[PDB]
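Student: Read off the chains here:
Protein chains: 2
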Amino acid sequence: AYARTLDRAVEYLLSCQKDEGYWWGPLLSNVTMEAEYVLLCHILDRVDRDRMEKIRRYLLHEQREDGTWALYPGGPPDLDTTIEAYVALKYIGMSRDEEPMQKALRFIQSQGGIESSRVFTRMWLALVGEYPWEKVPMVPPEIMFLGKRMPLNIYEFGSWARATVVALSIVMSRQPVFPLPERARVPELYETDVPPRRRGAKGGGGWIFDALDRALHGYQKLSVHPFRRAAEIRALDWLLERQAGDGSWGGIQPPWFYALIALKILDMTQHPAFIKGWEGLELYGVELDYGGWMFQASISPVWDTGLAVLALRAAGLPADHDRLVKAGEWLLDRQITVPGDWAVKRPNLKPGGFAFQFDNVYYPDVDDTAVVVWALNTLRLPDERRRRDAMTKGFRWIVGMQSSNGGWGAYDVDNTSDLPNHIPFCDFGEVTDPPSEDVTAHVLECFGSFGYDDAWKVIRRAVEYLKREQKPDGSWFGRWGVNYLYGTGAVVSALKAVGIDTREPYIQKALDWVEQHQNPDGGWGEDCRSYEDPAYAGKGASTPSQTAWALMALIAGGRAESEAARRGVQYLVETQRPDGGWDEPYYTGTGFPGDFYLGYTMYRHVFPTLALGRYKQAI
Amino acid sequence: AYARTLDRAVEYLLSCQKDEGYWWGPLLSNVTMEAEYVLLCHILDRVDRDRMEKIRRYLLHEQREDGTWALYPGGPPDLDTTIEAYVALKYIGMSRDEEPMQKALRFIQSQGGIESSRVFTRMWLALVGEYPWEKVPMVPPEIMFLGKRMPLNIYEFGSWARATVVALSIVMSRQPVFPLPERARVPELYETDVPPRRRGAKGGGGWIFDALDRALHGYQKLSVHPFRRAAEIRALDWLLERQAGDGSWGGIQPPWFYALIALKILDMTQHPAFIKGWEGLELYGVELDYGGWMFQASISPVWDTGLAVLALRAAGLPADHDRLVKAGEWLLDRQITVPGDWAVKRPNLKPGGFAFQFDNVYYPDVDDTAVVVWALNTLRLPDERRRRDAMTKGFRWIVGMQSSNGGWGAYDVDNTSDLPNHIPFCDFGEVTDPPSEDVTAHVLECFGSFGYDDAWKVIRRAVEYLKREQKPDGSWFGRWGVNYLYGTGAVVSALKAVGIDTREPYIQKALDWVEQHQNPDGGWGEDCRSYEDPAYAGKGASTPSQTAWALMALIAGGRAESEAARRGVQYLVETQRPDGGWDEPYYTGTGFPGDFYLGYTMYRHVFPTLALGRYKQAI
Ligand SMILES: C=CCN(C)CCCCCCOc1ccc2c(-c3ccc(Br)cc3)nn(C)c2c1
Ligand SMILES: C=CCN(C)CCCCCCOc1ccc2c(-c3ccc(Br)cc3)nn(C)c2c1
Ligand SMILES: CCCCCCCCOCCOCCOCCOCCO
Ligand SMILES: CCCCCCCCOCCOCCOCCOCCO
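If you read the sequences in order, they're chains B and A.
In this text, residue positions in the first sequence follow the deposited numbering: the first is 10, and each later residue adds one.
In this text, residue positions in the second sequence follow the deposited numbering: the first is 10, and each later residue adds one.
I should point out that these hints are in silico values taken from the structure, not numbers from a laboratory.
One thing to keep in mind: the hints can contain errors.
Which copy? The list can't say, so a pair holds if one copy fits it or any two copies do.
[Unchecked claim] Cut-off 30 Å, straight-line C-alpha distance, at most; resulting in silico cross-link-like pairs (BS3-like, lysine-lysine): (1) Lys-273 - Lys-354; (2) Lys-285 - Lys-273; (3) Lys-548 - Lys-285; (4) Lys-230 - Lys-354; (5) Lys-230 - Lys-359; (6) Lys-285 - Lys-27; (7) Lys-273 - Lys-112; (8) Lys-625 - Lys-63; (9) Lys-518 - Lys-211; (10) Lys-273 - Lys-335; (11) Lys-402 - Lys-273; (12) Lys-518 - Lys-476; (13) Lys-273 - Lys-359; (14) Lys-112 - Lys-63; (15) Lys-354 - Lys-625.
Chain B on its own, in the form it takes in the complex:
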């Protein structure tokens, strides 16, 4: 019955695989990427009219009827996003008259204008001279002098925030302005009567930092700042040492863009670091069939590859399938063998992790590492020496990453400080990298493949962790995936792999929760609003990935041969396309709960296959 669905899905994945043997689907986000890029170009004075065009199409193409832009397809209009997209268009050419501009300008005003945008947005606008720098939360270069065990040293921040700060300090240190031609000045972003509803720090703001900031803007005005030069150079050097191989920084849009600006600021446009960082951009860009052009927030080659492999293996293909070997080999060449920022906390830990993207050695992550190591563990490669060796190196690296609570973060160990979450500057996304349920689940699911059960202390410390985090309704939060369906699926699936009894009370309380949210159409769906409004937990239009997720929780919990179970399987089998693929007009990936969402292109194809492959095991 469902078989045909598999054979079609399988042959589809293999058709998407690149020559080198890996998979790599685009990563969708929102239009701030492309908008900030446009500004970056203006800043660096490298504007290509042809690109500006492809970029204008995209922006318009992503604009909804109301004339706004959201963070995810079918999401509430976002102010920040829309503001940035607005300025971008006006620069490219658009006149404040054009209906599209009109609608957006009104939405923006009805919200309180620029005065209500996130720090970043205001900062960018500050960079082009459309906003006072004084009203921008200050982050000083001197921050570079904080020791390893002090309040607010750069290592109290999550990896992604860290580099961003380092880069910015240099920028905010000079507070440079790159004038926009009159033709695009946007004073109209001020023209508003509505009260400027401002967003505060993430976990609240203590009058302390609030004062401190005021102090910094004051000190920033003096004629002489002792050791500032040294602070800056410290920052610059920190950047030059960590520049990724593809010329980026962390393989992420934010710090990368800032670093470049910072270098421009220091007249190092003719320095290797800058040149490479500049040309490396093209790799993250993407041509759109409808003429548009988009820039990726990041790239998921490794990630996509790892999953694709597990899906195909769980599906049916032989452990030694020649096509799955290209992958295996490719993955082995990817393993990072040098100390990254993580070494700051684990100086005696041997390198052995993997990164999300192609070449990012200083920031391998636990999630990627776990999936890769586990994927390889299911293959029979030619060189059993390197396969045996690599798995062991990664395995021990993961074990040495486990945080205090027995959980697993993404990039660092016990990066659970709270200080950063109160700074005036941090009003967007996460700023720290504490352990999460989903990353942890994947890790256990990995060890489980080797056989390590609940007997091993490391496993116990982790299980206890999850057990304490489980939500009242028996659900599990989804940190890097939308959302409870994502997390719960991961957890139940993992706990089943480490030997735990699938009959347990808290376990059953989780499976019930799943069946209870199965949409009429037989599938499962969870909208990104579930991060803002609890009423959306497990509620949303059914999607291929999210369905496969809830499906895995059921198959793992033993309820494989259930109604709701067979029901879902029907959904996937039907909704499948003629080519063997699947569609998913919704985001199921999470960047920052409630602030930044992602659209993983391979999910719609990989997970459904993995889900089916396991349902085929259950029979």
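Fit chain A with the ligands to the given chain B structure using the hints.
Tutor: Chain A with the ligands in isolation, oriented as in the chain B frame:
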């Protein structure tokens, strides 16, 4: 009469000009470049058998009958060079038997073997495990902690030595060893009875440094070295910040090669700086028609271009010649506009100099700057705004570079410390960059084109400088050109340009000196031995360049219409080739008096043209 010679010579230079509008002749040195490269490859574990071949032919091709290699064509066999070339060949394949090997081996032994080679040679051999590191002069990473005004801080060294030291500290800090396959081990470099005649420090060795070194090799043995990590990183950063645009480091073979090794040491082979630095090498390499391959010590695009222009202008071509405009424009794009290491002494001086090579922003030199600015001053470019502006920036930069004695160094101001010249490590070439007569001459010759005469204090301070340096016989030393013929020509030519009276006593005493060394063939020649043995001052086989030099001194001194004068002109006119060029099987360029010599490929063509062009002015 001579006219035809010019027309031929002129059309020749115009034929060698590249499309972009610049000239660029290869720079010849000795085989240590190619030999160290081979080792570099072995170190970095990137050996291309096809390249090794091209390199073998070269090495053999440059070996003389006796089975040795010298520093210049027709020069005494050099031990260091030969030793390195020897090891190189043995690695490539050669067996210690092969006649070429046998002859070299014996020469090496008759000299005391490896124990008599310069520090560098022994160090390289140390790197591959064929020599004890303990016997290698120690240069610690900690040197990075010396303040700007302290004994032996990195800024007391000449630019070229500085970077070399910084790179090495990191290396000597780890004292790594990269084993050679048994097949190429060279213990036979020890098999000798002759006493190990060792070379000491440049300006002598005080028992202090001698003991200090011993101290270091001892401290180097301890189990813990406090702040060493910080010392290394200081070095690494210093290197990362200064890496040239073409991925080199100063546009010179030494530091470039070491930096790469140092990076390899720190497992940064997957870092942009390393990658770019690695691929940058190919640009300095050269394919030889006879199948060989050579690596340039540096590249002289700018330099060649500047001179070629002056030669052609002095010859006859219009100041607005479309072909000379390509050059002018190209040169304008070359001007450096950012602070280089020189800024450490002149923080208030505005950037405006030029570099020897294509892209080396942190090390513009006075010589290049003077020639370029002066060359432009003789052109009529389309954008008189940038030509007027540029010349001004360069002019002021040069002025702000004049050292204390009124003289001009090459890269720094008053870089005349003496401490460095006594270190155990510095036993090869120069280690400081004090003002020289030749660089100074070119500078005056430059201002002179604008009109600034002896009235201006700057000029006076410089003239007095030269006047005090002039040798007893009325000759002038040649720092960057072989030798007294080179210097004297430059000086007399310059002094004539700044208004000084060509009838003066010391002046006439210089011209007489020239005429007194004119070879029978009617030309002038000065062998590189004139740096070692005074009996060779103005003695040696006549060459096209050196002749044109002595010729310029005569034309400038007023004795243009002389016997010796017209005599030389005859030489050039005759020795000229059918194509309009000239040959020169001898080196007329100086890298380090008595230690390193260069072969400037364009000299044979440019100077003869310039000399004639001026003799045509004298009529
Ligand atoms: C499960 C997969 C592996 N996982 C491990 C990697 C997936 C995350 C990478 C994509 C997210 O990229 C980012 C990463 C960081 C940011 C920031 C940001 C926010 C606050 C500060 Br302070 C600095 C930057 N803004 N935006 C859009 C960002 C986008
Ligand atoms: C007149 C032209 C402009 N002039 C201004 C530049 C010409 C000089 C550049 C070629 C010489 O390049 C070098 C420059 C430096 C070195 C060293 C060296 C010597 C001692 C130490 Br300590 C470190 C390096 N070894 N070798 C072969 C070297 C070769
Ligand atoms: C990173 C601080 C930027 C300010 C430095 C520019 C001012 C000049 O400093 C004096 C000496 O430094 C000159 C060296 O050039 C080396 C490259 O290092 C990069 C930034 O200058
Ligand atoms: C300069 C020390 C070289 C010794 C290698 C050990 C590396 C330890 O680095 C400290 C940990 O921080 C890791 C950060 O990423 C930066 C890498 O810089 C590269 C060379 O150290």
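Student: Within a copy, between copies, both or neither: where do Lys-625 and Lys-63 come within 30 Å Cα-Cα?
Tutor: neither (45 Å within a copy, 61 Å between copies)
Student: Please work out whether the CA atoms of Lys-402 and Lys-273 approach to 30 Å or closer within one copy, between two copies, in both situations, or in neither?
Tutor: Between copies only: 22 Å across, 40 Å inside.
Student: How do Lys-273 and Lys-335 come out at 30 Å by Cα distance, when the copy is not named: within, between, both, or neither?
Tutor: between (41 Å within a copy, 29 Å between copies)
Student: Pop the pair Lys-230 and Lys-359 into one bin, within, between, both or neither, using alpha-carbon distances up to 30 Å.
Tutor: This pair counts as between: shortest inter-copy Cα distance 26 Å, intra-copy 46 Å.
Student: What label fits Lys-273 with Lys-112 when the C-alpha limit is 30 Å: within, between, both, or neither?
Tutor: Neither, since 35 Å and 57 Å both go past 30 Å.
Student: I want to check one pair: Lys-285 and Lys-27. Are their C-alpha atoms no more than 30 Å apart within a copy, between two copies, both, or neither?
Tutor: both (25 Å within a copy, 27 Å between copies)
Student: How would you label the pair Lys-273, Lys-354 (within, between, both, or neither) given a Cα cut-off of 30 Å?
Tutor: between (33 Å within a copy, 24 Å between copies)
Student: At 30 Å max between alpha carbons, let me know whether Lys-273 reaches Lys-359 within a copy, between copies, both or neither.
Tutor: between (36 Å within a copy, 19 Å between copies)
Student: Is it within, between, both or neither when you check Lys-354 against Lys-625 at 30 Å Cα-Cα?
Tutor: neither (43 Å within a copy, 76 Å between copies)
Student: At most 30 Å between CA atoms: does that hold for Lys-548 and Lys-285 within a copy, between copies, both, or neither?
Tutor: neither (45 Å within a copy, 51 Å between copies)
Student: What label fits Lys-518 with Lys-211 when the C-alpha limit is 30 Å: within, between, both, or neither?
Tutor: neither (32 Å within a copy, 84 Å between copies)
Student: Taking 30 Å as the upper bound on the Cα-Cα distance, should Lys-518 and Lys-476 be classified as within, between, both, or neither?
Tutor: Classified as within; 12 Å inside a copy, 99 Å across copies.
When each numbered hint is compared with the structure, violations occur for hints 3, 7, 8, 9 and 15.
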